[PDB]
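Only one chain is shown below, in structure tokens, and it's the form deposited in one PDB entry.
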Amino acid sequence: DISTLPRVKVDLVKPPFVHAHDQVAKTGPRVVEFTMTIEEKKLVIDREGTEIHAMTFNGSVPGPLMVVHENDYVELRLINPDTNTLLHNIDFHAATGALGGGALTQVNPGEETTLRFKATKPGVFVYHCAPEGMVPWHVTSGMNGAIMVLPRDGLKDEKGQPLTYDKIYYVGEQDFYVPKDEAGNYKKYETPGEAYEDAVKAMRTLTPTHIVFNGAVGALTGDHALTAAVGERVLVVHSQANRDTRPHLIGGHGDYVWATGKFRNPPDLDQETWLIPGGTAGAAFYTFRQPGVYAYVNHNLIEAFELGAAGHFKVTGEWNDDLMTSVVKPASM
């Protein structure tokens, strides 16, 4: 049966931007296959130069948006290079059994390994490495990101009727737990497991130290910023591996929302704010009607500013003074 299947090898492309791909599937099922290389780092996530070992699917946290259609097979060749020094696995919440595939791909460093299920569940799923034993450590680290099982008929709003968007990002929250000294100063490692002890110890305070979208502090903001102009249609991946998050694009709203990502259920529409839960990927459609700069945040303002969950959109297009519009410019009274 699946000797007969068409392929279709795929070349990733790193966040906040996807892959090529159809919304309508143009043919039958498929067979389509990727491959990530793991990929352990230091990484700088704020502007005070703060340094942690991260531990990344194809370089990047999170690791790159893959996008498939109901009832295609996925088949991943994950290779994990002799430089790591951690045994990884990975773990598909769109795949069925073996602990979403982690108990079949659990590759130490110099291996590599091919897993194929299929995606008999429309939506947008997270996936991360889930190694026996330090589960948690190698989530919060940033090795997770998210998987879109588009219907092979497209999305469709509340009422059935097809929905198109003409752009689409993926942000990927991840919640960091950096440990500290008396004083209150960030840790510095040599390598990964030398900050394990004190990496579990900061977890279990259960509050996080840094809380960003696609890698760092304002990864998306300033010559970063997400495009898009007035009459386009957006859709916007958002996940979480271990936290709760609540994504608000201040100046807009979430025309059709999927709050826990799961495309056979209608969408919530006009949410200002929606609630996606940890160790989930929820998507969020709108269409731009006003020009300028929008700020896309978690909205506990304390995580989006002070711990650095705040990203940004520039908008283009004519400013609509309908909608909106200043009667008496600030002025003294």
Contents of the next structure:
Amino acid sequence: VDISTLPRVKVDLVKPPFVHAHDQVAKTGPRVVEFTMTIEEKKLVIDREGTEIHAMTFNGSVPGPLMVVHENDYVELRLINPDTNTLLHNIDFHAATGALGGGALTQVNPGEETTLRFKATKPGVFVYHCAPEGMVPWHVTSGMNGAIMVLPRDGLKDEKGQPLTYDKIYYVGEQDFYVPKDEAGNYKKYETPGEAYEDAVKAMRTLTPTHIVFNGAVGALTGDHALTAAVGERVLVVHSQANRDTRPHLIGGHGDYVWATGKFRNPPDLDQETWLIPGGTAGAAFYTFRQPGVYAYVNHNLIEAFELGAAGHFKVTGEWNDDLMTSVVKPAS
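Next block, the form deposited in another entry, ref. the form deposited in one PDB entry:
Just the single chain follows, nothing else.
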């Protein structure tokens, strides 16, 4: 059918780890879903030490926002590069088919905009990221990535084919940064992106991130910004890593149903302690909370988690179940 005859819906995106409102089960026929993103190059403090990088972002955040559509919707993205930016940007959707995921069609200089449309033919969670020719890993590792979820029109199903409905959804973007270091091991400082470039490339070539963070900074998903849930709630956590492998783990819980490589026509893996999301992939894990308290959600390379930053918290409210776990004899001499 002619695309002009389809309904259109405009979505306004929200900042991760939150996700724009949507329906799991498609309440309309196929639609054109309209999104707008504004590129912002900005300074960001990424750690407790106050290390500050020139970040490249979709819509002001690292990661970029989670977009949500249904299988066989059309995604129409208006991408704006304001004149206050210095660099050329584009966008590649792993969800899309052709033209380097859209990257060949979306090259915008500062002061320019473009509109891309693609059909979301495959259900799953997918990475999107910037990919300007000659400079891809630098943009991606400066924060310019996010994800898109293409739900099956009848929502998610378990390994047997019965409905799985989530009560809450969170989006964790994990970012590897590669801040250049001198012979002494201190982080170098740079006046312009072009003066940063070769040292950025050299730092990348070590394949050793200096920082690995959730939602753009060490401790971004802790304290007042901890994720929350209640006992008995079904939570979907979507987790992306555009460049580097990760292995999410909910300390004190499990992934009840996991799409480790994120594609919903496959049956989920059950009862996972830890699952591997390859670099360049988004995955999704569904868990029903059974106990209250603080949970840590970590990359289970524990060095990456507790020294380099890849750790956040859930604060869970509800009833303690002494059947599931109890202290029989509290620590004592």
